[PDB]
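The chain below stands alone, shown as structure tokens; this is the form solved without the named molecule.
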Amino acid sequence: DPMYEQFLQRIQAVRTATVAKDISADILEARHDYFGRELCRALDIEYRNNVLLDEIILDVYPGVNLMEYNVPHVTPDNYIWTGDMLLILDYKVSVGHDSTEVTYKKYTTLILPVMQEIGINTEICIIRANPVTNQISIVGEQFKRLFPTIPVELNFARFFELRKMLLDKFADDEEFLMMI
């Protein structure tokens, strides 16, 4: 309820289409964060949210001569270091594939080349929950191996209820429905 009650209070207060756009964005990010926490709790994985690639590299290889490499400033949601391979983790909560595809191709281009230079075996993994049906889909062959079953009990209804009050409130608003 704490996170829930804060959004409710903002919705209760909000008068304008523009500020409502911010509430909607914050709710979608809170829903992302909720899935991430549950995923990591149901896999005994340490929950992190956004960790710079430099800090990943130094964590898995403290002795790297980091100043030699040009490390892109990307902040994947999480990672798993199996002592053999680095699985970069990104959480998605979407009904469709497209957000996954954008982040998959972005991380392929920006992460994997410097991880190959440094010589660290890495795989881009993206885990996505459908927020209507609760079904999980996984991109990343090796991730599917270590975790062939993910037993989470997801419940996104509260997020839907908050965003529904908002959309019902500003249902006749060009400035809001535009900032979709």
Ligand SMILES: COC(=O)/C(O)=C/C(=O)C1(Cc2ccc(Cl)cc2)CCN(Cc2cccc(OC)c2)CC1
Given for the second form:
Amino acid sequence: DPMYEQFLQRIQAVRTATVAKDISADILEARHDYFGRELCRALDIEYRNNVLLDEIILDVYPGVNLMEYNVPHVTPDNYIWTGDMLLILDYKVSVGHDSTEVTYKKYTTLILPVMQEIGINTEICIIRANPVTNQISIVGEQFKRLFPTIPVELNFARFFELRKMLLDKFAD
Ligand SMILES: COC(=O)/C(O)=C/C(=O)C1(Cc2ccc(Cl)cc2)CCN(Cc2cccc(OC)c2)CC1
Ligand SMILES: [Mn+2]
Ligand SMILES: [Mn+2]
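Structure of the form solved in complex with the named molecule, given the form solved without the named molecule:
After this comes the whole thing, all chains and molecules, with the earlier chain placed first.
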């Protein structure tokens, strides 16, 4: 399980708050990445983790006249092209929904107008794991209809363990 040991080694060696703050942020991103990976594996969809909208548009519509559109500089985690619809996918791992709503608002305003100009039907979908209860919440109707049952086995304990080691080490 090489992801956990790399963090252990980093926590073993860290001696300053500055590097420690960095390790903490990394664990949280890694915890998000693990959810994204596990979720795509269970739902049997291609795993990606940050894709420029430019490359999404160029995948689903290789003949777009790109220079005619002002495409924003955003990287949603992943996407699904259904054949008829594009689902923008962002993963979230939080005990609450404030972070989910912030991304939802952002991608709604910056992504939907350009995709309407090009004529690709698009839905913003945000999938969030509660890392304590492992409950999964979904924002996005077409996603909901494509994946009615969503019981993805998850275990976030190792990430909580790594971070507790850190805050114990720096508890002063
Ligand atoms: C969970 O949902 C997100 O928050 C998300 O997926 C964020 C990201 O992917 C970034 C890496 C990261 C992921 C999870 C966590 Cl826990 C912490 C960090 C990378 C990109 N970044 C937005 C950004 C910033 C600066 C330039 C830029 O160029 C478009 C884009 C946010 C963090
Ligand atoms: Mn991301
Ligand atoms: Mn994300």
